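Chemist: Single-letter residue listing:
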Amino acid sequence: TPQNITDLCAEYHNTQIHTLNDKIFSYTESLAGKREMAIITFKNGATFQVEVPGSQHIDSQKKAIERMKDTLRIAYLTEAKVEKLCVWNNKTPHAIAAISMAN
Amino acid sequence: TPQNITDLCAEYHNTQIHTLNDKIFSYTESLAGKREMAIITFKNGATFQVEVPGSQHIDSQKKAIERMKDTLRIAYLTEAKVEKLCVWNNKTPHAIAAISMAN
Amino acid sequence: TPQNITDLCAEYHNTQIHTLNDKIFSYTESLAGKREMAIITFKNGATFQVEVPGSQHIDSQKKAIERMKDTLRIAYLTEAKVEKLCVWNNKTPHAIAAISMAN
Amino acid sequence: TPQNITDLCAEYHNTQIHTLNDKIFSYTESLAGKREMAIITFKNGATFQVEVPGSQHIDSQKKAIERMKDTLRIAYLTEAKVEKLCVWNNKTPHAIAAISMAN
Amino acid sequence: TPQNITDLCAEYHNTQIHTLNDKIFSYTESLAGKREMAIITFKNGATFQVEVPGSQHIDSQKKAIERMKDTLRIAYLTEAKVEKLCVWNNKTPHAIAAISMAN
Ligand SMILES: CC(=O)N[C@@H]1[C@@H](O[C@@H]2O[C@@H](C)[C@@H](O)[C@@H](O)[C@@H]2O)[C@H](O[C@@H]2O[C@H](CO)[C@H](O)[C@H](O[C@H]3O[C@H](CO)[C@H](O)[C@H](O)[C@H]3NC(C)=O)[C@H]2O[C@@H]2O[C@@H](C)[C@@H](O)[C@@H](O)[C@@H]2O)[C@@H](CO)O[C@@H]1O
Ligand SMILES: CC(=O)N[C@@H]1[C@@H](O[C@@H]2O[C@@H](C)[C@@H](O)[C@@H](O)[C@@H]2O)[C@H](O[C@@H]2O[C@H](CO)[C@H](O)[C@H](O[C@H]3O[C@H](CO)[C@H](O)[C@H](O)[C@H]3NC(C)=O)[C@H]2O[C@@H]2O[C@@H](C)[C@@H](O)[C@@H](O)[C@@H]2O)[C@@H](CO)O[C@@H]1O
Ligand SMILES: CC(=O)N[C@@H]1[C@@H](O[C@@H]2O[C@@H](C)[C@@H](O)[C@@H](O)[C@@H]2O)[C@H](O[C@@H]2O[C@H](CO)[C@H](O)[C@H](O[C@H]3O[C@H](CO)[C@H](O)[C@H](O)[C@H]3NC(C)=O)[C@H]2O[C@@H]2O[C@@H](C)[C@@H](O)[C@@H](O)[C@@H]2O)[C@@H](CO)O[C@@H]1O
Ligand SMILES: CC(=O)N[C@@H]1[C@@H](O[C@@H]2O[C@@H](C)[C@@H](O)[C@@H](O)[C@@H]2O)[C@H](O[C@@H]2O[C@H](CO)[C@H](O)[C@H](O[C@H]3O[C@H](CO)[C@H](O)[C@H](O)[C@H]3NC(C)=O)[C@H]2O[C@@H]2O[C@@H](C)[C@@H](O)[C@@H](O)[C@@H]2O)[C@@H](CO)O[C@@H]1O
Ligand SMILES: OC[C@H]1O[C@@H](O)[C@H](O)[C@@H](O)[C@H]1O
Ligand SMILES: OC[C@H]1O[C@@H](O)[C@H](O)[C@@H](O)[C@H]1O
Ligand SMILES: OC[C@H]1O[C@@H](O)[C@H](O)[C@@H](O)[C@H]1O
Ligand code: NA
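Chains as they are written, first to last, in this note's numbering: chain A, 92 to 194; chain B, 92 to 194; chain C, 92 to 194; chain D, 92 to 194; chain E, 92 to 194.
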């Protein structure tokens, strides 16, 4: 079991760590059918998605997907610094797999 | 996959972007039968709803509809600036499909 | 579809609006059996309830009832001004059908 | 329907009101199997639990038990003043039936 | 029924108490498949997980696992002092069973 985001991220193919150390600049969420997703940006232009739940997801991921959107909204509203994101780099925008918050 | 609200909104019919760049002026929520909904207004008079779930919605939207009402409530209470809303313009008041927040 | 709480309230018999323009003074919550409910009071003012779900609540209302209790709690804690309540006024304390928040 | 915690508490057997008029001193929660519970304390030594869901609960009470733990956590974190607790006094620690909050 | 985290922790095998008396230094969470977990750290290097839900958990522990991740996230954001953790010491990082917050 990994003990940090960077080691977690290394367990997966097509992932990488983005180091932001910054608050979220914008938070966008949609309820439109087939686009039940969130999108975040940082002021450097970095853009990330929480993907719409789908066949690339297993059942254990559904609750975690909803939690991640919860986390992004509250981080946004509190202006919490995001340390790192583990993202899938084979999607545009890159898709979030994990987040770390630290000063 | 869209990277912002404007591109997402353009994937649907009968939708438009309203640019508010303002906090929500009032938040109304109802539990009354057949009107289980939320209504928001802005100081310019713009009024929007999250629709009562109905025949126009699918199962994959159910959680997202509940999430949007959560997001509007906490945006209202915290005075969070709403950047844009994507809305269906064939409902009165216009019905929210997506929101973006940015300072 | 109504665009404000007053018009919504006018769609139902046995309701009225109370105009409060004040924060909630006290919040009471019970998990005791058959009293799973929330009660709010306004300073030097009235008490209101969210009814226990039962016979006279249809099924889409169950989530809305839970949401309303969540709304009253967060309003109380954040000290947000309640603008108006739409209530059923056939018993004391009057039962909440809808809430509006505005400054 | 009772309009305050004291009158609510009087509808049950083996309950009583403790008056605190104080913030929560400590908050404890557990996910250990068969001990999925919460405990709170006050600086006068008063200690209360939210019981593990069990045979003594009817099914409407499950959501309410979860709500109470939500309430106690955010009360603790925000240092919200707890006015009174209605508790079952046939358990150690006394088990929470209801709470009232007032500043 | 225990009245505190230490006595709760002593009801189980392979558990121990870590006394921190400090805020959380970092909070990490993941939606990646088979690693739907949270990780927290403290400035002294202590690292703890909320385990991926699995065969070692009963249904009552499921909601409690989700609650604990909620608790850790808001504790982190609010700089809440964590008093103690009860953890399983047969997992690496040690796996949280219970938390207490005080002071
Ligand atoms: C809306 C938009 O188009 N914005 C882009 C940025 O891309 C968006 O955000 C990124 C994170 C992805 O989600 C994109 O899909 C999304 O459109 C764009 O950022 C660069 O995007 C690249 C996409 O492949 C890549 O992620 C890149 O970073 C990696 O590659 C660069 C070299 O180009 C460096 O080697 C980086 O170190 C490397 N990072 C990692 C973790 O491997 C992104 O660029 C990096 O992030 C930017 C936010 C910015 O800080 C860059 O200096 C940095 O290199 C940027 C590119 O400038 O433009 C638009 O803002
Ligand atoms: C409670 C009430 O009746 N309030 C009205 C506004 O209508 C409400 O809010 C709007 C946003 C919709 O949700 C309505 O269903 C709702 O009742 C009303 O706003 C205008 O509403 C029009 C629909 O009836 C329409 O949406 C219009 O915007 C479009 O058309 C205008 C012409 O008026 C312009 O061409 C706009 O560019 C165009 N916008 C887009 C994105 O397509 C709304 O008017 C605009 O928004 C207003 C809030 C205000 O800023 C206007 O200056 C602006 O044009 C307003 C209209 O005055 O009156 C009450 O406030
Ligand atoms: C961890 C621990 O053991 N703490 C105890 C206190 O007990 C804990 O908290 C109480 C509220 C219960 O939930 C217990 O289950 C729990 O372990 C203990 O408080 C007294 O607890 C009694 C029950 O064991 C009882 O509730 C008592 O108050 C009642 O009785 C007294 C005299 O015995 C008076 O009649 C009170 O009016 C009566 N209260 C009511 C509402 O009927 C508790 O003591 C009262 O509250 C204490 C917090 C404190 O302010 C006392 O001065 C006050 O009498 C205390 C006190 O013995 O010891 C440990 O802190
Ligand atoms: C990322 C990393 O490698 N970090 C390690 C610490 O381990 C992490 O945190 C601990 C709490 C566990 O969850 C690990 O699984 C996790 O990787 C590491 O902490 C020590 O970890 C040991 C188990 O691997 C063990 O728990 C130890 O505590 C016990 O043994 C020590 C002496 O080594 C003392 O006797 C303690 O009293 C005893 N504790 C109990 C409750 O029985 C951990 O060390 C303790 O906690 C540290 C955070 C630090 O304050 C030490 O002074 C203290 O002894 C530390 C060890 O330095 O290194 C990395 O930070
Ligand atoms: O998914 C919700 C949407 O469904 C469409 O059919 C309708 O025209 C929109 O106004 C909106 O209700
Ligand atoms: O509903 C929960 C309650 O159930 C009662 O029967 C019991 O006597 C109380 O102590 C409390 O457990
Ligand atoms: O309930 C969860 C616990 O299950 C036990 O069997 C195991 O020893 C612990 O590591 C922990 O996973
Ligand atoms: Na009416």
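There's no promise every hint is true.
Repeated chains share a single entry, so a pair holds when one copy, or any two copies, can fit it.
To be verified - Computed cross-link-like contacts, EDC-like style, restricted to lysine to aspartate or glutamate with a CA-CA straight-line distance of at most 20 angstroms: (1) 125 - 113; (2) 134 - 98; (3) 134 - 150; (4) 172 - 102; (5) 114 - 150; (6) 172 - 150; (7) 125 - 98; (8) 154 - 174; (9) 182 - 170; (10) 153 - 170; (11) 125 - 142.
Since the hints were made in silico from the structure, they are not lab data.
Chemist: Run every hint past the structure and note whether it holds.
Modeler: Going down the list of hints, with the structure as the test:
no. : hint      : result
1   : 125 - 113 : neither (30 angstroms within a copy, 28 angstroms between copies)
2   : 134 - 98  : between (26 angstroms within a copy, 19 angstroms between copies)
3   : 134 - 150 : neither (33 angstroms within a copy, 34 angstroms between copies)
4   : 172 - 102 : neither (25 angstroms within a copy, 32 angstroms between copies)
5   : 114 - 150 : neither (30 angstroms within a copy, 32 angstroms between copies)
6   : 172 - 150 : neither (29 angstroms within a copy, 33 angstroms between copies)
7   : 125 - 98  : between (32 angstroms within a copy, 14 angstroms between copies)
8   : 154 - 174 : neither (23 angstroms within a copy, 28 angstroms between copies)
9   : 182 - 170 : neither (26 angstroms within a copy, 33 angstroms between copies)
10  : 153 - 170 : neither (26 angstroms within a copy, 28 angstroms between copies)
11  : 125 - 142 : both (10 angstroms within a copy, 17 angstroms between copies)
Checked against the numbered hints above, the structure violates hints 1, 3, 4, 5, 6, 8, 9 and 10; every other hint is satisfied.
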